[PDB]
Each structure stands twice: as C-alpha cells, then as structure tokens.
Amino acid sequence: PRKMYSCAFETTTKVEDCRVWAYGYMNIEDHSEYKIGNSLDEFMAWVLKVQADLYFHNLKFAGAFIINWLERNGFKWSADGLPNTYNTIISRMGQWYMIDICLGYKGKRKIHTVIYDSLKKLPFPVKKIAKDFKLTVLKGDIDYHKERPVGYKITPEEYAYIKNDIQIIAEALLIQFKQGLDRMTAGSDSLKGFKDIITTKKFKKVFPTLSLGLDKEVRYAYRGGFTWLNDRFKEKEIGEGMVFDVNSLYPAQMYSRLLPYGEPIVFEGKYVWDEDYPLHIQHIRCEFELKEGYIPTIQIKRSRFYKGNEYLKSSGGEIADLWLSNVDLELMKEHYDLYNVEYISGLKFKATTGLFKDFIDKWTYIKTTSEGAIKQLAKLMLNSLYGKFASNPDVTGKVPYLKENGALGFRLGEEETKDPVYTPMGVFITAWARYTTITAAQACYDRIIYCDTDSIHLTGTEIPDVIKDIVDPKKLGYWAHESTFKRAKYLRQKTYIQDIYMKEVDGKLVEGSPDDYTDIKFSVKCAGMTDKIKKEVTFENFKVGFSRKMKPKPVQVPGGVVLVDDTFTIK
C-alpha cells in the first residue's frame, strides 16, 4: 500500500536567483502528517526515502525545479527505470503527467517515488476548487516580491498560506481516492466509474480495439465543438440580444442519441441502409456550395490549403476529400449543394441508445442529491467521459535534459503507440452535439450571431418561437436561456464583450431581463485574458490590436522556471 501526499513549492521571482524558498507536503490520508521546510535538498531527500506518490497542483511548474535537482544529483532521464534513473510522461504539448524517480530494485519491486499532477484530476485553480468544494481557504496571497535570500525564515503567515494550499488539494484528492477514483486523470476516473457500471467484460465485447489503419480513418471523421461567428456581426457593436446554453450538451447526447459500438464492417462506394448497422462513416469526394441562407458546417482539417478553423462556404474549384459520420453528412446535404460526388468507401456500425444510461442516471442522481465537493466531482465524472473515447493514438512526447544555460530544456522523443479505446464513439458524440447546436442556430438564422459548442447568441430579447419547446432552465439536452444583454461586440471566435442585465434575487446579483433589472454587468470573453487585463478593457478599446504586457509566461532559467510579464494582444 503506497502512501500519497499533496505537495507544493513557493518559488523565487528573480530570473537570476530562482529556487524553492519554502516547501510543504501533506499525507492525503492523514492531514496531521505534514511538514513545511525551506530547503529543496531537505525536501528532495525525503522525496527519495518515502517510496510513495506525490501530487503537485500544476506539476508543470513544480516539475521543473524537481528536474533541475535530479539532474544535478546523480540522476538522469532514462527510458525504463534504472537505479538513480528517472522517467517522465510529458505530452508533445508540454503537459506534465508523471515523474517516476527510481532508486533501485529489491528482488523485483521497483523502489521508486512517483510524482503526479493534481490538475490532471482536479482541473481548476486551487482558489476555485476551494470555492466549489466549500473548503476553508485563506483570503489574500503571500507577498511574492519580497526579498528572500537562501535559508530565509518562513513567517507564521506564509506558513499558514502554504499549509492551507496543500490541505485544500488534499481534502479534494481524498474524496475521489475514497471512491476508487484512483486514476491519473479525471478522464480515466470517468472511464473507470463507467466500466464498474457495465462490467469490464461487457466493455471489452462492446468497445473492441481496432486496427491502426481502421482507427486512422475513423479519426478522419472526428472534430470538436462548433465555434462560429456570423460575418454580418464581425467587429460591430450591437444592441440587445440573448444567450442560450444546452443543459449538459455531451452527457445529453450520450443519454439518448443512437451511438456506435462493436466491430465495424467495411464497405465500398455508397453506404446502403442496414438496420443492424444504422450508423456509418462515408469516405466521400466532392465539390460544394453553401446554400443561400444557411450556416457553414464543413471544416477541412487545418493546415493544407483551406483556411484552418474556418467553415467553408464552398470548395472553391478544388475537390474535397472528406470522411464524414452520417450525422455530419445529413447535415452537410441540407446546408450545401454537392456536385461531382464520388462515394469511395466506408464503415458501418451497430448502434444503440442505452449505453450510458446507467452511468448518467447514477452520477446525475448524486449530483442532484449532493452539495459542495461531492457535487462538483459528480459533474466531473459526468463531463469527462466523452473525451476519453476520442483517444489520441500516438503518445509521443518531450524528453528532458540539462540545457546549455543551466536551465531546463527539452526536445522530441522516440515514437510510442497507445491503443485506441473506441474512436467511433467519439466521432458520433461530438457529431451529435454539433447537430444539436447547428440545427438550433439555423432555425434562428435570421437572428443568429455567434455559436460556441453548446450555446447560440441571438439579437433581440424575445425567445424565438421555433426554439420555445426545447427551452428549459434545467432539463438535460434542453436549451437554457442564460442571459440577456443591453449591448455587445464580437471580434472573433471566443472573443467578445456584453453588458448583461442583472437583477436582485434575495440578496445577490443574478441574470435578469430588460423588464426587470437593477444593474448592468460588463462581461468579457477572450482566450487568455486575465482579471487584471480585463479591468482595462471597455467598449471603445476592445478591438483587434488591443494589447498589454501583463500576461506572465513560463521562462525556464537555471534551477526551475520564472514568470515574466510578457505581451498579450487580440489578433
């Protein structure tokens, strides 16, 4: 039985002198067992003797300073566990998942101490986890720009802050660990809770593993949410309008849409209706023109010769080679006119609508009859399951080494292959979800402004008649009227601002309407903006260009990493 601890480092800001000036660790299953020093060598010695599992919230940060030490202390990265060797799992994108420090072997059992990332399990800021889990959290933050030489003495205040940080993460991790949720990520915790309910044996027969070629083609039909801005509104300031959000978009699809399963069946040319294999993916070649008065829906995989992340109005003289789920193809045919079509090949699948019902009823129930921590975790169980299917085959990531500077550095590693869960289920879930949003936006075409996965934004304050019957504040799969604004401005996908109508309900500010409001909440949404950068934004300064050097970014220096106030610009 390996132990588990919540750990955190408080680091220096000096680009020259970067080091741990305070550390802390807390036994997760025993918060009385804890320590808070000020010496990394002190910490690291312990890290080597414990033979347990550690968890730093946002390993990415703390993981740096950890590598720095290992490299300068008889440790070097190694493929497969070796005495005084250390392996790691860092994705090709810079996401840390595990640092496995090996010390040797006792007969067989590897003597090691694995360091994990809590963020991969509780994907939120500590401050947030505190609030949503209702965990005591001290207000304020340790003075970061205070000169701290080596050996500096930690004050009673800074002490409380550090203990508090690791206790918050400990109280959270413990709840999941108290339910089998002992995986590396939330996703895997969901895949776990999901197998418990249907049985691994049933899972194996339902979601068989596919060949590498078969999976490659199925992925050709995979795509994310539907994010799109109507040009008619691009960069213009508009008046009143409203926002609608689907109640649990994915869970909803998983609960009642016809979803694939089983062994696929290849076919040539155009798919032929088959009752036992209702869903399919068609490899098709054609040209197309967006029907007059319809929203674009075709996105050709980024970086080839078609504006990446943009929905095409037409193929523009060039032939398109696409792999589409039948849900995606039915949609394309209603919004576009297709010419010179060629149906090449495809895959049929058996399908049912009862695969996730038990899973979803269970966790929804808990979510409904629970509060604070339990509730959030339940939502986490419910919202992290879909993604696990749309696996990412190639686990090829970075590899560390001491860079010519005394700082941390990386480069590309060998080529490794992980086995696909069941990608066809991923293709249809996201497809079904897009269909949900897109058909609603299209029915509101005359007022549609912006769409983003599970929400549509319309001009006007009155609920559209075509939408009325599927509008409801709580029901799963329904559209909830989330807000109404007095005015707004959209610049680009996920980049806008609104003046929302707020009212008073029992003592707090809540979304209101034109006929009942007392305030106007200014609201900004832009990929990468902060609470600080936001305070400087307003209607007339919000435009393509707006920039400020207020977005700190990881700049690895000798010893670990530092956050330099860099530049942020709306492009």
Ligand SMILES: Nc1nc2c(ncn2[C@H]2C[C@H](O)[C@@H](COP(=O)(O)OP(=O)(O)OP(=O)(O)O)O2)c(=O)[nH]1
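C-alpha atoms forming the largest set that superposes within 1.5 Å between two forms make up the rigid core. Numbering follows the first chain given and starts at 1. Compared with the form solved in complex with the ligand:
Core-superposed comparison between the two forms: among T461, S370, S256, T453, the single residue whose C-alpha moves by 2 Å or more is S370. After superposition on the rigid core, the Cα of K270 moves by less than 2 Å between the two forms. Relative to the superposed core, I470 undergoes a C-alpha shift of no less than 2 Å between the two forms.
Superposition on the rigid core between the two forms places the CA atom of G317 less than 2 Å from its counterpart.
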The other form holds:
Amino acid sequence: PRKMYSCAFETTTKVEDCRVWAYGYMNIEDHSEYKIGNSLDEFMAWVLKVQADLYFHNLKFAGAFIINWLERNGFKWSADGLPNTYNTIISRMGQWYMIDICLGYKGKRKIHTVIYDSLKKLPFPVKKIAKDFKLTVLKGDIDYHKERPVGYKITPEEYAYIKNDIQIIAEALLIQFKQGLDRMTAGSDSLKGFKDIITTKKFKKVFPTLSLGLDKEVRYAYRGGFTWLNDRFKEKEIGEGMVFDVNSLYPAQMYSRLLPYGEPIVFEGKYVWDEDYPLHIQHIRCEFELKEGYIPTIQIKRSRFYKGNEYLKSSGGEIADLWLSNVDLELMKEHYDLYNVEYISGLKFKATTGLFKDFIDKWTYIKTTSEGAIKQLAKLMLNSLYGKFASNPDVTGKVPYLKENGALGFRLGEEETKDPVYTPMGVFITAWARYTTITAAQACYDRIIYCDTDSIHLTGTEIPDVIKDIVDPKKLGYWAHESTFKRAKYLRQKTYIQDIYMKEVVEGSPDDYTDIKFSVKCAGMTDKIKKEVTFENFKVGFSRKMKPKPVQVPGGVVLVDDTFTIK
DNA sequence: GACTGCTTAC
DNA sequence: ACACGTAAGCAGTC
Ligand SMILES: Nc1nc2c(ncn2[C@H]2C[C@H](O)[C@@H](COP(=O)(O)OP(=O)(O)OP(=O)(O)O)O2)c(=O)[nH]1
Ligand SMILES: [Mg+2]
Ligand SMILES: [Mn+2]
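So the form deposited without the ligand is up there; where is the form solved in complex with the ligand?
So here's everything in the complex, that chain up top.
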C-alpha cells in the first residue's frame, strides 16, 4: 500500500525572482511524520526517494515549481514512463490533475512518485475547509509581500502556518478517504459511486458505449444552459424585483424526466412515433421566425452567419442546420413559426425514468441537511454525475516544456481519445432543464427580466402563480426564493448588479429588512474589481487593471495584474 | 479568423 | 487509463 502525503509550498511573487522559500509535507495517516524546510532541492530529493502519493492544494500552482525543477535536473516529459522522465495530466482547458515522476523500474514494478491536486476533491480555500470540516485553524496569515532571500530562515510563526495548512488538508482528505471517497477527483468518486449503486454489469447494459461516429452525431444535439436577457430590460435601471432559482435543476430532471438509455436506432427523414423508442434527435435544415409574445429559444453556434450567444428572432435569410432533441424541437415549434423544414435523419432511443433515484436521494439528503463546503460537495456529486455522462472522448492534453528564457511553455499533445460514457443522457438532461426554465419564464412573460440556466429574474415582489405551489428553499426541483431586490441593472448575459433586501438574525423583504446588500454578477470579473463597482460606474467601458493573471516565469508562476474591461 | 490561456455564472 | 459539463467573457499571438 502506497503512502500518502499532504504537501505545500510557500513561494516568492516577483517575476525576476520566482522560487520556493518554504515547503511542507505531512503523512496523511501519521501527522508525526512531517517536515518543513526552506529548500526546493531538499524537498525534491525526498520526492524522488519517497515513492508515494503526494497531494498539493492547487497543483496547477505548485506543479509549475516542481516541473521547473525537473526540467533543470535531467527529467524530460514522456507519456511512456521511461527512467528519468515525468508524465502529466493537464487538460486542453489548462486543468492539472497529475504529475507522475518516474525513476525507473525494478523488474516490472514502476519506481515513481505521483502528485495529485487536492483541489479536485476539495475545491475550497484551506481556511474554508477547516471551518466547515471543523478542523483546527490558526488565526492570521503568512505575509507574502515580505522580502525573503535565498536561504531565508522560516520563523516559528510561518512554520506553524505551513504545518497547519498541510494538516487541515491531510485531515479533510482522510475524512473523505474513510468515507470511500478515494478517487483522484470529486467527479470520479461521483461516477464510481453511481456504478456501485446500480452495479457495473447494469451500467454496461443500460448505458452502452456508442461508437465514436455515433457519439459525435449525438453531441451535435448537446447544448447547455438557457442564459437570456429580455431586450425590454437590457441596460435599464430596474426598481423592485425578485429571483427564483431551482434547487438542483439538472439532478431534478435526472430524477423525474423521461431520459434515454441503450443503443439508438438510426432513421432517415422525419422521426415516426415509436412508443418503444419515444425520444429522438432530429437533424433538420429550416428557416424560422419568432412568434409574437414568445421568448426566443434558438441560438446557433459555430456558424459564420450568427453570433453564437444570441437568441435569434429569425434565421435572417440563411438556412439553419440543426441537430435537436425532441424536447428542443417541440419547444422550437411552440415559440417559432418554422418554414421550409427539411427533415434529414436522426437517432431514436429507448427511454425511462428513475435510473438515478438512489444516488440522487443519497446526495440530496446530504445537500439538504448540510451547510457550506459539505453542502457544496453534495451539490457537486449530483452535478458532476451529469457531467461525467457527457464526458468528451477527446482527452488530448498539454505537454509542458522548458523554453529558452527558462519559463515553462506548453504544446498541444498528440491526439488521445477515450470511450464515450453516455452522451444522449447529457443531451436530454440539458434539454429538459431548458424546457423547465423556459416554460416558467414564458408563463412570467410580462415580468421576466433575465434567466441563467435555472433562474427567473422578475420585476415586482409578488410570487407568480406558475410556481407559487412549488416554492421551497431546499426541496429537489422546487424554486428557491433566492432574493428580493430594491433595484437592479442588467447589461448583458452574466453581467448584472442588484441591491438586495437583507435582514440581520439573511435574505430580507421590502417590508422587513435591516440592510441593503450590493451584489455584482459579472462573468470574468475577479473579486478586487467587483469591489470597485457601483451602480453609477457599472456600464460598458468600465475597466480596471486589477485582475490577477498567473504568468509562467523562470522558476515557476507569479500573479501579475491584467485588465478586465466591460467591452 | 484560429489559437492560447485565463476568469466567473451557471 | 487516469482526466465532470456548457456558457459567456477578456486579453493577448499570428
Ligand atoms: N456539470 C456541472 N454542471 C453544473 C455545475 N454547476 C452548475 N451546473 C449546472 C447544473 C445545475 O443543476 C445548474 C444550475 O446551477 P445552480 O448553481 O443553480 O446549482 P443547482 O441548481 O444544481 O443547485 P442549487 O440551485 O444550489 O440548489 O447548472 C458544475 O460544477 N458541473
Ligand atoms: Mg442557479
Ligand atoms: Mn439552482
């Protein structure tokens, strides 16, 4: 059995002088076996000898320093596991999962140390993990702005902080390990846990591995959340209003909607109703016009004729070439007049409900009876199961290298593909979610300001009748009354501000409130820049050079300030 | 445009 | 083989 260590670095912040000044490691199963020191050389000597599993919190950061050292001390990158090489799992999106450092083989047994990201299991800051896992946490922080020359000696206080940090993570990881949550990521524990419940034999039967060609066809119909701002309210100062948000929307669809399973049947032309294959994806070419009084529902991506984020009123004289689930197509027919519809071909599926019951019951109970990180973890188990079913087969990743200037660079690796999980489930989970949210928005047409995926933002403070019997703060698939606001302003998708009514005892109301809480929502905008925002300055053209940007420099990674501009 | 390489809102 | 998802976005290179 391989030993497991919780590890951390403390690093300098200068582009011209980027290095580790402190490191710590601690045996997760024996806290007495730990060590803190001021030399990366000393840490990496231990790394190469220990032949164990290491965890850093935010491997993307520490990993840069580790790979900088490896490239300087005779290691090259290799997928083959050759002596004096290292392998990585770094995704196309720049997510770090693994560094596997190989010293060679004794016979057929690999001599290696593997380094994982604890952030993939526990995606919270260390102090938040301590608070919600109820672990010991020291008050205060290391001063990162302090000058620290090579050989700088670690103070007793700094020592205690490093030791605390690695112990918090060690303790939290062990809590999860002893629960059987032992995979390298939350998502991986999620899919495995679901397979444990239904059995692997049943998984294979009910969710067969589709061919890459068929999977690709299915994925044409795979889309995400309905995120939409009503033109009527775009960039206007709004008065009183409210937000409702579905409790676990996608898991609620998984729980109760008609969903596909098994091998699809290919058909040509228009789908013909088949009660045993009641779900389908249809390939069409058509033109369309939005019906008066209906919310637009069609957005077209990867087309030279359309803005991909724009919900379309009209096909505008071009032919829309679409692969659509039956859920989407019926919603399209409800909201649009369709013209010159060419039904080309498609795929039909067997379907049933309840395939995720026990799994959803388990994690919902945990979600409903927990708070903070624990609640958020339960939420992630539910949502990552959906994600795992729609896992892209393309697992091509990034290959690190040391460039001439001594900083790490990356190149796109060789094409790698893995088996599809079950992409039709992904297609229909999101289609039903879109249906749920859009049906509610449409029933609130007179008051609807904005939707993002599973929310409705409404003018006025009275609960609409369409959801009045299904408002609840926790219950699966019910609408939580998220907030009531005194005023708001919506510039564009995922970009809005609200003055929310609050009460001290939490969410408040126009009659009973003690405080007004200014809330900024803006995709891309980081926390310090949000603190700059006011009702007055929140507008297209707003810009602040205060967005931290991680930059590869010689020795590792530093944060430098970049701009964020509302363009 | 494609691409790299980051963010937050779901 | 390991490795949850789309969406909307900003700031760059070539
Ligand atoms: N695959 C995946 N989907 C997510 C994730 N976060 C949100 N989503 C999708 C699925 C969610 O049901 C949906 C709406 O997000 P919310 O933030 O409202 O979470 P949800 O509604 O699940 O729970 P809550 O509203 O917190 O009770 O967006 C994620 O981390 N992974
Ligand atoms: Mg939501
Ligand atoms: Mn929700």
